[PDB]
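One chain comes next, on its own, written out as structure tokens in the form solved without coenzyme A.
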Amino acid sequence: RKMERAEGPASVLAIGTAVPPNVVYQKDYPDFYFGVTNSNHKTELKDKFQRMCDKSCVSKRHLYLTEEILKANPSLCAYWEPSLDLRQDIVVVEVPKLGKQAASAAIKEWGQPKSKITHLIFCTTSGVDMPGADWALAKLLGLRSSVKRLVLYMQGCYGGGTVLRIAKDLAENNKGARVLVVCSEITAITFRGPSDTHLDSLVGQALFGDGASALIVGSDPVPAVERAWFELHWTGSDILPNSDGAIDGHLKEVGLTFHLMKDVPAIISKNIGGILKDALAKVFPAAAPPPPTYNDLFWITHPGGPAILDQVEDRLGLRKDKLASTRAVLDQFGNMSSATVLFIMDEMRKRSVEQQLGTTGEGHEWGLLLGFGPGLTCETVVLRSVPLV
């Protein structure tokens, strides 16, 4: 082997997060949104949106777009006005910048010099460019010029699973590799005024927030030097049946536009049990210990919306505390697309340390990270926690 491979499982060695400083509380969002888009006269539409926010299970969100920025760029406040060039000019700069803030936090926690990063995966649904956000982030951080980069554009809400799926193989197949994984999402690419033609875009206006998360992933952590928090053990991807057109997203001259053509919560909740039962059977094969029960796993579930969480919890019979870490991130940050599951991973390990639980996964040994997005694609990662003190 001309490139030596690693031995142990790919492991999360650090996690950083970053959000835009400007907060909008959900109780204020209907007035803010319909006010800044000159849409207060659309009284019926505004009451529909109010109900959406009331049921969103989102208390606040961090948003790059401020009233000041929107007032300065009225094509963003319009509905269906040509705006892509303006949106790109924003997010091609701001997405790597936010990712840099998260990456610097992860690197500081990790403790090694930044030149030990050998690989970079940058995932975003906000903007595209050449060179890409991966190159821009490498420049902002001053990574080695020979860092092996990969940019994952237009991924959508399953991308947090995808980056782990890829980072697993990069770390395990390359001795000494240390992979910087960044997911950065900024809703300036999709923000638009309200319309009763496109009630789909209203859902996103209630749920989507901004944020970036960064990991250091590597195999064979140096004893007493690096610290593993979660291990990546099994990965799977599935296109769910009868889901054509469930979630479409098009990059148009008016920006990024989303379309929901099917009952996404019903498709996810109806199919997830068989996916997880299969995954757990592969990880714990009979020939031998049986799979843990769902209530004895920890759960890092992409919170696409509250209905997905409610219907998954109901269909699988999950105890009401299993999705608590997931719901906490949804409540405080909204749906941050691909970045969200890494925020939940951070929330979970932090709660576990603070409450002196016996593992980084809320006291459980094994766990599941799930991403859902266009496809309809389900990304499944089986994780192992690490024991605490």
Contents of the next structure:
There are 2 protein chains.
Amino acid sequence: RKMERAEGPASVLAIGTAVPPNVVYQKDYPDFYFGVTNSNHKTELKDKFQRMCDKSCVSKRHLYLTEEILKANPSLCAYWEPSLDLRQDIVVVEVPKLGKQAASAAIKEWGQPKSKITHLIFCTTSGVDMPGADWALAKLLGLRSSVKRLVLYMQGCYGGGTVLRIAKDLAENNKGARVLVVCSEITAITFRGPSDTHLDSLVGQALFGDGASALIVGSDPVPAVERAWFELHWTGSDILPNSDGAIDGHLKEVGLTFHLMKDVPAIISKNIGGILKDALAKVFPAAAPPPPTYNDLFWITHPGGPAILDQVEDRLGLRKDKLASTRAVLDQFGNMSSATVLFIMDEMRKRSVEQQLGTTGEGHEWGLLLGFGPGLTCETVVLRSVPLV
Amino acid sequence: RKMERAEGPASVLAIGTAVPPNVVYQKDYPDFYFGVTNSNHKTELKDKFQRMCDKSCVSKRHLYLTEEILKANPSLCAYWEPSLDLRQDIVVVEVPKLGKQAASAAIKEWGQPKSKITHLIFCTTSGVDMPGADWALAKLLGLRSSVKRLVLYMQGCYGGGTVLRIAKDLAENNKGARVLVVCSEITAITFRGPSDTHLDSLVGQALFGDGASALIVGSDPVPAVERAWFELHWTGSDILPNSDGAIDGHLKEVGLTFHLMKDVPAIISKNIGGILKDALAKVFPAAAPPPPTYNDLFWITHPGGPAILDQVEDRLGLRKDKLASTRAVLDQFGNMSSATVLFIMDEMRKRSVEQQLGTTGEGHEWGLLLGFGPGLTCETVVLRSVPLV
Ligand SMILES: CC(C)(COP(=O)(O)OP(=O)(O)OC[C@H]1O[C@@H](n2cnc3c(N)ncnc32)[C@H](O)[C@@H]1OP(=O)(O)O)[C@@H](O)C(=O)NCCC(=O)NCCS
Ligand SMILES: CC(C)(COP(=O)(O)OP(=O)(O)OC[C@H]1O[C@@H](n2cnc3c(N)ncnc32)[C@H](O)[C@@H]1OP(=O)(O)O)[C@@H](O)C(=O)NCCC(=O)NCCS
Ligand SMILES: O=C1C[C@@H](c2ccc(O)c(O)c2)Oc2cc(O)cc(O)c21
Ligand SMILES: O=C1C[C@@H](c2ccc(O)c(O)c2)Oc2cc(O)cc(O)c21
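With the form solved without coenzyme A already on screen, would you show the form deposited with coenzyme A bound?
Next comes the full complex, this chain leading.
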């Protein structure tokens, strides 16, 4: 008359990632972007975009859109031309497909048959449809027809925190539940030509890349059969003060548009300390061990842009190595919206194993995953690593 | 280092509903719809639409769109004209607003200050935005800035089951959690002129109406302070066999479009028995009382259309009164997509109280809530009523 619940903390049992094969190196992107968009005559706009690329701390990105595809579809290279139907036709197909590559890698690592997946969460900011990308992914994988699905559309850059916040309750409240979590982002929904009109969209052109990540999340891993890599222990969500309209995105007839105030780094950096201090106080209450210091935590931080990272690091006084895993993903992949923190989680555990650190969190026991996006919404997850060998 | 979980079953503690004030009676709708759309010359198409309205078992609907608004915005009255940006500007505002009316009613009934709401789920098929309708509703209500939000976009007619499936885990896995659940639907996103092109969209014009419903869901109601009306005990989700493309909806430059095969009733009716029999077997396992008979359950059934209800009733052999609560909502409000089953839940408990039946479920202990939509997805929730006086 009842659904048995699980006992232990929701745990990450496997991670997979996937990116489009086409690589664009940042040194080449100003020429490329202004070339295929027919805007090289816009001489001062391009110098402005060159400075954004020079400062982006992005070396390369993987992009579904190629010069050939852009040549085939000139309404994408144009500026403010109607093109949503064209964008949707692309991403309603390619977002689940990219997600399927990451999902198959995570399942292969996990090692159990795909029919043990009981739940699915699909998160994307690229396109919407009915049935949704969750249904399409289930069809592509051949998941059981009774998988409990959830599609999280139009989330944006905090979505990596959101999927963990939901997956935690699904795994913990359902005995045996194994949650496939996929975030998949493809910039074909936003890509548009340059214009002194909208210097916000330029920022997006310098930073956003494509990618998908997949997790298996479940409570009570079977001993010597499944392997936990991180545990979810505490979650919080906050709308930061005086941030109305900081980050807005609209799905228009010209596609997805992006609006971004210059004070996003300030708003984030100046509020994040109180959020983290409160979260750590709840996880480590006095009544008892004190919370670890920031430098004794591992850090999985959504790299909205280098200015956000630099100002957060400065305001919290983080030692300069704490954001190294985060900054490596931004350098090699750019900002992949909701998927990015799961790429960072993967990079951190793999570094930790390769370098024989004592835990999956670079040697630290406790850790923080942060997502930031429209709201301005800050998603906080307190994680525990797992000891290695 | 941990979030305490709750103990008892997730319970519905209050329900509110809201509809646009403009009423259109079905007897008037063929003339009205073909009038404001400039299509009265389409003589045989209209006779076809008259027969759909005659058969709809819908007496009236509440619609945000008025003749005055349609006169002001002729691209809505047209057929296949670009109009998404216009539709979004409407529903990104009006869907949260309608939802706020229902939410305030549910909170007023519940009786606790609005700051005790810890979580929010907003479900809609009408428009998408960043930040989302969940953020807008929180702003309209003045909810705490740390409310844990979730926006479920592009769900469709199964969404009433989905929100209960998620809210169950949120309430049960978080001690003290009180989940505001809102479904809000406004047909301005789909409304378009008639055409022998697309006889699917005609079906939608005869059945779909507007409305919003709101729940407070929480585990462990405080005795003599909060009041439970229904308990969530079991949830299931199924993709019905040989239903690929049964019900599709796309968000296009002309707005939201709707595609619907004629065999939806057949697919639903011919598969539903096995789903319910399995669900009841899980809730009442042999090893022990047998499951109640269908006629001894209460029924909260999404009324996709009268043909779905009639064929489900026939195939399962339901006594003719079991779907009376469901059919009363369809008659007085039409199909309000994801909100409809919560209107039906409200109607049933209010009937039960008014008629002094022994339980909130028309006198029956156990009950079934069913949502159907794109997939073809069937959402099943097994509910327990609460005894009255
Ligand atoms: C890469 C930028 C992107 C980093 O460069 P920087 O350290 O700011 O260096 P600069 O200030 O020289 O930036 C160069 C140009 O970017 C422009 N710029 C920066 N942020 C901008 C914004 N939000 N909108 C428009 N222009 C912006 C500056 O105005 C400047 O123009 P100018 O050289 O003609 O004066 C940085 O501001 C950043 O990281 N911002 C975070 C972006 C963000 O908010 N992302 C989160 C997500 S949606
Ligand atoms: C109201 C209809 C809507 C009920 O009427 P009915 O009992 O079918 O009566 P009829 O078959 O005389 O219907 C009249 C017309 O509707 C048309 N019709 C019914 N379903 C249709 C569909 N999916 N697409 C196009 N036309 C349809 C019939 O072709 C018929 O046309 P005709 O009179 O010119 O031959 C009914 O088929 C129904 O309830 N369907 C369920 C709709 C549905 O699937 N909703 C769930 C959600 S998205
Ligand atoms: O406007 C967007 C773009 C979006 C996005 C889509 C696809 C990608 O591959 C990608 O890297 C990004 O991500 C966003 C995230 C936000 O928080 C706000 C936005 O406007 C957007
Ligand atoms: O195409 C739609 C329309 C949608 C809807 C929106 C707003 C309303 O007020 C309303 O009653 C309905 O509901 C749908 C539900 C589905 O399952 C499929 C759809 O295509 C649609």
